[PDB]
Amino acid sequence: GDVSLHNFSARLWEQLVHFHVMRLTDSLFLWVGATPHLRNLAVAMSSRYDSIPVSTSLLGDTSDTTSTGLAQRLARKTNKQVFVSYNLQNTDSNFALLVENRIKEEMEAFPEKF
Amino acid sequence: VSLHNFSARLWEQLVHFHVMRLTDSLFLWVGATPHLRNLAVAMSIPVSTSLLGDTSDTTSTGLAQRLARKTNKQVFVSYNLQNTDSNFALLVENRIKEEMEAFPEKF
Ligand SMILES: [Cl-]
Ligand SMILES: [Cl-]
Ligand SMILES: [Cl-]
Ligand code: NI
Ligand code: NI
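First to last, the protein sequences are chains P and Z. All residue numbers for the first sequence refer to our numbering, where the first residue is 1 and numbers rise by one. All residue numbers for the second sequence refer to our numbering, where the first residue is 1001 and numbers rise by one.
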């Protein structure tokens, strides 16, 4: 439930490799890549204190709330821990609404898949 | 672990979705199709599953499995480099393990 974050970097062969970590008690997320990088990966979980799930950007703080917002809203709806990896170029806010609506449609049609 | 994917025509793109359902957790991936497939999770030896569709590239499934072995927990690996040379991958794995030894409370 309690999230901690870490990052580190290393020169391996002739390239800078960048690592991000998210630690929960029973789960670990390891991300390997380059720096700089996009910060489009989030996790949210239902707090038992508030009705609003706490959403964290796993790849470093960002002011873009697309992934954190989606994760939070889906965690609210499903009552489980939700990771979102949002890999779309098009960050028009209306496009994101279309995407979110499509996800909700799938959840209505196939609740057992979520 | 249960996997699902779907696509939708939204404006002038296919938007592509991948879903992984565990009992406690859900992973949603949004992007384009076709796409890279280098995201895995391992849990219990630990068994590794590719979240983004079957692949012959074992970089992330291999890494996840090895780190899940070492840590005894569920481990996701997202491998975002082009270089999938197995010697390079071992260097990557070793660097992670060094960090785990130095800062065990961060893992
Ligand atoms: Cl470099
Ligand atoms: Cl089609
Ligand atoms: Cl293949
Ligand atoms: Ni970073
Ligand atoms: Ni796919």
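Misleading hints may appear alongside valid ones.
[Stated by the list, open to error] DSSO-like mimics (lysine-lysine), calculated; alpha carbons at most 27 Å apart, straight line:
hint: 1; chain 1: P; residue 1: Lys113; chain 2: P; residue 2: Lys80
hint: 2; chain 1: P; residue 1: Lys80; chain 2: Z; residue 2: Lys1073
hint: 3; chain 1: Z; residue 1: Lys1073; chain 2: Z; residue 2: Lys1097
hint: 4; chain 1: P; residue 1: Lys113; chain 2: Z; residue 2: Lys1106
[As the list claims (entries may be wrong)] Facing chain Z, from chain P, some residues (calculated, C-beta under 8 Å):
hint: 5; residue: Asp2
hint: 6; residue: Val3
hint: 7; residue: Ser4
hint: 8; residue: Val54
Just so you know, the hints here were simulated from the structure itself, not pulled from any lab data. Backbone N, C-alpha and C fix where the C-beta goes; we use that ideal spot for every residue, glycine too.
Interface hint compliance - P:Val3 to chain Z, C-beta minimum distance less than 8 Å | violated (12 Å)
Take the shortest C-beta to C-beta distance between P:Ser4 and chain Z; is it under 8 Å? holds (6 Å)
Taking the least C-beta to C-beta distance, is P:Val54 closer than 8 Å to chain Z?
violated (15 Å)
**Q.** Pair hint outcome, P:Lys113 versus P:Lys80 [Cα-Cα no greater than 27 Å]
**A.** holds (13 Å)
P:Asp2 as chain Z interface residue, shortest Cβ-Cβ below 8 Å:
Violated, because the Cβ-Cβ distance from P:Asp2 to chain Z comes to roughly 12 Å (cut-off 8 Å).
ask   = Regarding the pair P:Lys113 and Z:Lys1106, is the alpha-carbon distance no greater than 27 Å?
value = violated (32 Å)
Worksheet item: Does the alpha-carbon distance linking Z:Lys1073 and Z:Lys1097 stay inside the 27 Å limit?
Response: Given pair Z:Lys1073, Z:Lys1097 holds - Cα atoms ~14 Å apart, limit 27 Å.
- prompt: Does the alpha-carbon distance linking P:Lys80 and Z:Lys1073 stay inside the 27 Å limit?
  reply: Holds. P:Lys80 to Z:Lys1073 sits at ~19 Å (cutoff 27 Å).
Going through the hint list in order, the structure does not satisfy hints 4, 5, 6 and 8.
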